[PDB]
Amino acid sequence: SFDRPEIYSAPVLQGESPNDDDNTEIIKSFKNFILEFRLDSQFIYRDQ
Amino acid sequence: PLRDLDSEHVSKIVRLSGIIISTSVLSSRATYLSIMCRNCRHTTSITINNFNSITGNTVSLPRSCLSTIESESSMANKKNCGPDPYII
Amino acid sequence: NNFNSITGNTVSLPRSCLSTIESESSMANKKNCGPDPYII
Amino acid sequence: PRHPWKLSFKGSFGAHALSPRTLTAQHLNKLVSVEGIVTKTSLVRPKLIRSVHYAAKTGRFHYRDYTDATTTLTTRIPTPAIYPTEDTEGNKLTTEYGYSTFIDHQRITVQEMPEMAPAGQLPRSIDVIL
Ligand SMILES: [Zn+2]
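Chains as they are written, first to last, in the entry's author numbering: chain A, 2 to 49; chain B, 147 to 223, 233 to 243; chain C, 195 to 223, 233 to 243; chain D, 140, 150 to 278.
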């Protein structure tokens, strides 16, 4: 009457080099655009 | 311009101007729905974050019960739940 | 009344519910009962 | 000063006092008294009746009841409810062994007695679920 086996992961090695067409790198670039964009002197999207 | 739209613009972002003739009533689309199998009573959740499609169910209820293929329980108590067994 | 057959179910349970084709009730309350819905 | 009470039967059975050879299909769905010899007995196995589970995220206990066709004399619509590993909200469930209930189950084979059996024929037997 046992429960589920569970699957989980943890980052260990660097892996292959990142690719621009990879979804994770596109998400990271979008995140950097949200955080670091400056219109005149303000973080407009972060504050928004 | 609206009449200068072309097949080259298909599946691409377009900026276009005009006047709005009608706004319909608000329909209710599901984002998160919890579903349960009819006789199996297997419980599943479906998350929808995409709503662009018109005239089509691009995301629907699964055609068969997902309990058997998962085989998550060790006991696994031929049993077939049937086509479209899930209830929202 | 026929038991002559061997290694064969010459008579078996119907493959779909017979309520719809009969249409016996006037109300008739798309609903499909499923393949092999009958229980002995 | 909770378990439902059961019934046992004694006395004359008349035409229902039979042997494993004398058991026929006309006696199906009837109460029969059958005398013979026990030849094979199975391992005593527990059968899960109610499984109790714990959700640590909500800290709540859930349960599910299971029945089979041998438990009830009358047939019922078979609703096979799987062993729950999620609650309704998706939280992981852990089995609470010791709060679940298991009923002992056995199957024996009763063959007709070698002194009441014909001297040359192969014997006839029947399974009994206890
Ligand atoms: Zn199911």
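Mixed in with the good hints there might be a few duds.
To be verified - Keeping only pairs whose Cα atoms sit at most 25 angstroms apart, straight-line, the calculated PhoX-like set for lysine-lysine is: (1) B:234 x C:233; (2) D:158 x D:205; (3) B:158 x C:233; (4) B:234 x A:29; (5) B:233 x C:234; (6) D:195 x D:240; (7) D:178 x D:158; (8) D:154 x B:233; (9) D:205 x D:188; (10) B:158 x A:32; (11) D:154 x D:205; (12) B:234 x D:205.
Source of the hints: derived by calculation from the structure; they are not laboratory data.
Here is how each hint holds up against the structure:
Distance check on the hinted pair: residue 234 of chain B and residue 233 of chain C sit about 24 angstroms apart at the alpha-carbon level, within 25 angstroms; holds. Only pairs whose Cα atoms come within 25 angstroms are accepted, and residue 158 of chain D paired with residue 205 of chain D is rejected, the gap being roughly 54 angstroms. For the hint linking residue 158 of chain B to residue 233 of chain C, the alpha-carbon distance of about 39 angstroms lies beyond 25 angstroms, and the restraint is violated. At most 25 angstroms may separate the alpha-carbon atoms for a hinted pair to count; residue 234 of chain B and residue 29 of chain A exceed this at roughly 46 angstroms.
Note on residue 233 of chain B and residue 234 of chain C: the hinted pairing holds, with a Cα-Cα distance of about 24 angstroms set against a maximum of 25 angstroms. Restraint check for residue 195 of chain D and residue 240 of chain D: the C-alpha separation of about 24 angstroms stays at or below 25 angstroms, so the hint holds. With a C-alpha separation of about 15 angstroms, the suggested pairing of residue 178 of chain D with residue 158 of chain D holds against the 25 angstroms cut-off. With a C-alpha separation of about 33 angstroms, the suggested pairing of residue 154 of chain D with residue 233 of chain B is violated against the 25 angstroms cut-off.
With a CA separation close to 48 angstroms, the supplied pair residue 205 of chain D and residue 188 of chain D exceeds the 25 angstroms bound. Distance hint between residue 158 of chain B and residue 32 of chain A is fulfilled; the C-alpha atoms sit about 23 angstroms from each other, no more than 25 angstroms. Our distance criterion of 25 angstroms between C-alpha atoms is broken by residue 154 of chain D and residue 205 of chain D, whose separation comes to about 40 angstroms. For the proposed pair residue 234 of chain B and residue 205 of chain D, the alpha carbon gap of about 32 angstroms is over 25 angstroms, so the pair is violated.
Going through the hint list in order, the structure does not satisfy hints 2, 3, 4, 8, 9, 11 and 12.
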